[PDB]
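The residues making up each chain are set out below.
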Amino acid sequence: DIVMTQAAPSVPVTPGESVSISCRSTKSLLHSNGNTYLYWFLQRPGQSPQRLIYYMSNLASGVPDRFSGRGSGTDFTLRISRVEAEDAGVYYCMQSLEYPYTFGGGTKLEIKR
Amino acid sequence: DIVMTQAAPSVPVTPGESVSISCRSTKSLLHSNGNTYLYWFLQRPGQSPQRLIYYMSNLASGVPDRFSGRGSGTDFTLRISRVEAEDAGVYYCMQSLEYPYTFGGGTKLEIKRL
Amino acid sequence: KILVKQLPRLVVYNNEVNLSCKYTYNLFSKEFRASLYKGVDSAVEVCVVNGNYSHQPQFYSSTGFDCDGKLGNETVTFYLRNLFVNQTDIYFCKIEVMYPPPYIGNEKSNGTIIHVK
Amino acid sequence: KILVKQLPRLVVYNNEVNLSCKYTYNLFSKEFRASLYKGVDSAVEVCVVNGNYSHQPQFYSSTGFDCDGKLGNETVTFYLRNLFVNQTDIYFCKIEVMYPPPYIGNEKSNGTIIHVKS
Amino acid sequence: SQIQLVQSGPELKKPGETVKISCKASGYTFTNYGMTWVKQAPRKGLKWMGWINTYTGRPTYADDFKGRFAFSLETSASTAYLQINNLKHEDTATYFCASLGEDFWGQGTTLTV
Amino acid sequence: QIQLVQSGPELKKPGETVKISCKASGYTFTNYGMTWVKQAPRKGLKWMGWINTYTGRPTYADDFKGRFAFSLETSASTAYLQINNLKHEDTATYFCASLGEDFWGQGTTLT
Ligand SMILES: *[C@@H]1O[C@H](CO[C@@H]2O[C@@H](C)[C@@H](O)[C@@H](O)[C@@H]2O)[C@@H](O[C@@H]2O[C@H](CO)[C@@H](O)[C@H](O)[C@H]2NC(C)=O)[C@H](O)[C@H]1NC(C)=O
Ligand SMILES: *[C@@H]1O[C@H](CO[C@@H]2O[C@@H](C)[C@@H](O)[C@@H](O)[C@@H]2O)[C@@H](O[C@@H]2O[C@H](CO)[C@@H](O)[C@H](O)[C@H]2NC(C)=O)[C@H](O)[C@H]1NC(C)=O
Ligand SMILES: *[C@@H]1O[C@H](CO)[C@@H](O[C@@H]2O[C@H](CO)[C@@H](O)[C@H](O)[C@H]2NC(C)=O)[C@H](O)[C@H]1NC(C)=O
Ligand SMILES: *[C@@H]1O[C@H](CO)[C@@H](O)[C@H](O)[C@H]1NC(C)=O
Ligand SMILES: *[C@@H]1O[C@H](CO)[C@@H](O)[C@H](O)[C@H]1NC(C)=O
Ligand SMILES: *[C@@H]1O[C@H](CO)[C@@H](O)[C@H](O)[C@H]1NC(C)=O
Ligand SMILES: *[C@@H]1O[C@H](CO)[C@@H](O)[C@H](O)[C@H]1NC(C)=O
Ligand SMILES: *[C@H]1O[C@H](CO)[C@@H](O)[C@H](O)[C@H]1NC(C)=O
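Protein chains in written order, with PDB author numbering: chain L, 1 to 27, 27A to 27D, 28 to 109; chain B, 1 to 27, 27A to 27D, 28 to 110; chain C, 2 to 118; chain D, 2 to 119; chain A, 0 to 52, 52A to 52C, 53 to 109; chain H, 1 to 52, 52A to 52C, 53 to 108.
Don't read these hints as lab results, they were simulated from the structure. Quick reminder that beta carbons are idealized off the backbone N, C-alpha and C, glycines included. Careful: at least some of the hints might be erroneous.
[Stated by the list, open to error] Calculated from the model, a selection of chain B residues having no Cβ within reach of chain A, i.e. all distances over 10 Å: (1) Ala7; (2) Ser44; (3) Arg47; (4) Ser92; (5) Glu106.
[Claimed, not checked] Here's a subset of chain B near chain C, in silico, CB distances under 7 Å, partners left out: (6) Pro9; (7) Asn29; (8) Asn31.
[Said to hold, decoys possible] Under the rule of at most 25 Å between Cα atoms (straight-line distance), these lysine-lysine pairs were calculated in the BS3-like manner: (9) B:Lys108 - A:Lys84; (10) H:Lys46 - H:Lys19; (11) B:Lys104 - A:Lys43.
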């Protein structure tokens, strides 16, 4: 019964331009644990998607400091600090608190000559 | 309700004569404890009674080695090894396993100018 | 120390139990103090029995339980009556022996889960 | 060692409980084995969660309990479902930490009386 | 200071009245050990009435002694009491307090009616 | 290197079974779970569920539960997704993924 909503289906930025990507939530994803149960993903096109941040603030291995995930407890944002062309793709948030798990809508991040 | 029974209301000994005094029981007075729950008592006349053996086999303080408590767990005997004139009196067995506790009938141990 | 052994769970519909704590130590003519506690914490004494093992010393409960008991060479059997379902937890048998020295307690029991139903 | 703290008694009506074991140790970026045992003896492992905290390792039960769970910096919450009245006993939260060394475990918890009723 | 139980004096009481008989405990700890009461009619033998729990107070009575007989303690003054009520000639006997494993007994306290 | 690798592409017409393999390599397999994820062609990602590699038990997402079959040969480190009575809707790429959603498969495109 839990519904993630990226409200920015596509977002054009140019390089160097820092951009931040939102994803809101029905319920709070905070837990007694102290952790907050949200992933962020990047599906570069063709490629299988790729974990970026986990437990909101925490960023996975082989990922640039550029990326950072900041979060209320129902609203969350994914700051990208200075946009390299490689960073372009669709970005998916996804909650992992209760079943069933629920992916966001995507937000395509297009790069602008 | 346990019923204790000394089958020997009075018993005349002469001194040196060893005697042994029976006290049988309804239930068995042995326990998972390993202990077996009999007191034996001696009320010399006028005197209050005095504990002599406790937990069948064991004998209390200030009591002669003459006195011995032997027992099958529902039948029991108090051997008195060589009768000193002092030791004359009524002897009471008393079970202490289940409430209510219950005394024997007594056995008067009479002592006799041979 | 003295090592205690208790049955690992007693389960109760009588609302009454008989719970013997077998020691490795002969309490025969020793002045001692045997106790039993409710709690994972072990912070409620349910019975004390203490005195010399010579003169059969009386069990009792400050903490408010109907509690008799019978002591034997190596065993201490508690008897709890009138127990509630509110009161199913763990119980820990525990001795201190005072005289004759040296003075020693027991290495902590596993406990029993008394389960009252 | 590291000390564990569990609530001292749970009483369950659902047949279904959740039982977090708060540690004094951030299991962050640590390879470990978290565990939960029934018994005064402590000789039945109800649930094991085992692996690198970095990736989110699954809880499971050889012993035969319906058992999920969720790991967090210094709590570890076990979720047991379908428990039976006849399964009231003590349960003990227990943690081994493999890497990075040096390797350590839990000083034994007071446990919890899980009391399943009805 | 040997252990030593010590009891009230002789009684000459006529039917249908109260009496308490005291037993004062000395030399030994006291609330650690239980306290029995024991009737002895004159030419008959010994009978166990019951005991009081010196810590808890709770008395247990032998069945025949059920009603009209009552035990009680002044616990800080180390003294116990039998009290017999609505007295009947039946009730003439010497009456023994005893404790410490039935190892220590009283003087005896002779009631007549 | 930890790495998942899935079965190859599928051209399957309506009313047929299909199993899709996902074989896991480089890590202790049963220590981590295993989720499956649909991706319709122009649309995005949808969580199907996961299986406990140790226990076996699968949990299925709402829409998917029924006609879908997760299952494991654990000794050979591999996970299976089977889809039955298949319907045109079910044309997607299909990703096995585990290790905390950190490692994803190459994907597996059904029609
Ligand atoms: C979970 O724990 C980590 C703690 O990481 C480090 O580990 C210990 C030395 C600990 O005592 C901390 O001081 C260290 O930070 C947290 O990770 C950090 O969180 C802060 C958030 O402001 C930030 O620096 C980074 O996200 C993390 N820093 C590092 C060095 O990793 C994490 O936030 C904790 N999760 C919570 C509290 O929910
Ligand atoms: C309870 O034990 C006593 C005697 O125990 C003694 O001291 C202990 C430390 C033990 O390990 C041994 O040293 C002793 O046995 C038992 O009574 C004695 O029985 C033995 C015969 O084997 C012998 O010592 C004496 O005849 C008895 N009395 C005494 C004072 O020693 C007694 O039988 C035990 N209780 C039960 C119910 O069996
Ligand atoms: C676990 O139980 C232990 C005893 O085995 C508890 O330790 C006692 O704690 C209290 C309260 O802080 C102290 O007054 C005592 O000094 C401690 N020791 C004893 C022997 O009582 C401890 O509180 C329990 N821990 C938790 C988290 O419940
Ligand atoms: C439940 O336990 C509490 C704890 O003392 C007690 O006060 C309460 O009366 C109990 N309820 C019943 C019905 O015994
Ligand atoms: C008590 O529990 C311990 C675990 O700490 C176990 O090794 C031992 O076998 C148990 N002993 C008994 C008598 O139950
Ligand atoms: C307890 O035992 C010791 C020595 O055995 C003794 O000093 C003390 O008097 C005994 N206590 C009682 C109440 O008899
Ligand atoms: C867990 O972490 C260690 C290093 O921190 C790593 O080498 C290893 O690959 C992981 N263990 C596995 C995957 O079994
Ligand atoms: C205990 O109770 C439950 C519920 O009735 C029952 O299913 C179970 O089989 C019983 N005991 C065991 C050991 O399974």
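### Query
Has the given pair, B:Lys104 with A:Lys43, been kept, meaning a C-alpha gap of at most 25 Å?
Given that 25 Å is the threshold and the Cα spacing comes to 12 Å, the pair holds.
#### Entry: Status of the B:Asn31 interface restraint (C-beta, 7 Å, chain C)
Holds: closest Cβ of chain C sits about 5 Å from B:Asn31, inside 7 Å.
### Task
Taking the shortest Cβ-to-Cβ distance between B:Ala7 and chain A, state whether it exceeds 10 Å.
With a cut-off of 10 Å, B:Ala7 remains clear of chain A, as the shortest Cβ separation is near 14 Å.
### Task
Could you let me know if the closest chain A CB is still more than 10 Å away from the CB of B:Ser92?
8 Å, violated
### Query
Is the nearest Cβ of chain A still more than 10 Å from the Cβ of B:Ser44?
4 Å, violated
### Query
Would the hint on B:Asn29 stand, with a C-beta cut-off of 7 Å toward chain C?
Nearest chain C Cβ about 3 Å off; hint holds.
### Query
Is H:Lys46 within 25 Å of H:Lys19, Cα to Cα?
Holds - the C-alpha atoms of H:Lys19 and H:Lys46 are around 19 Å apart, at most 25 Å.
### Query
In terms of Cβ atoms, is chain A entirely out of 10 Å range of B:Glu106?
15 Å, holds
### Task
Verify that the Cβ of B:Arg47 lies farther than 10 Å from every Cβ atom of chain A, and report whether the claim holds or is violated.
The claim is violated: B:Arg47 sits with its nearest Cβ about 4 Å from chain A, within 10 Å.
### Query
Can the hint on B:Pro9 be confirmed by a CB-to-CB distance to chain C that is less than 7 Å?
29 Å, violated
### Pairwise hint evaluation, A:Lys84 against B:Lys108, where the allowed Cα distance is 25 Å at most
It is violated: about 39 Å lies between the C-alpha atoms, which goes past 25 Å.
Consistency note: the structure conflicts with the earlier hints numbered 2, 3, 4, 6, 9.
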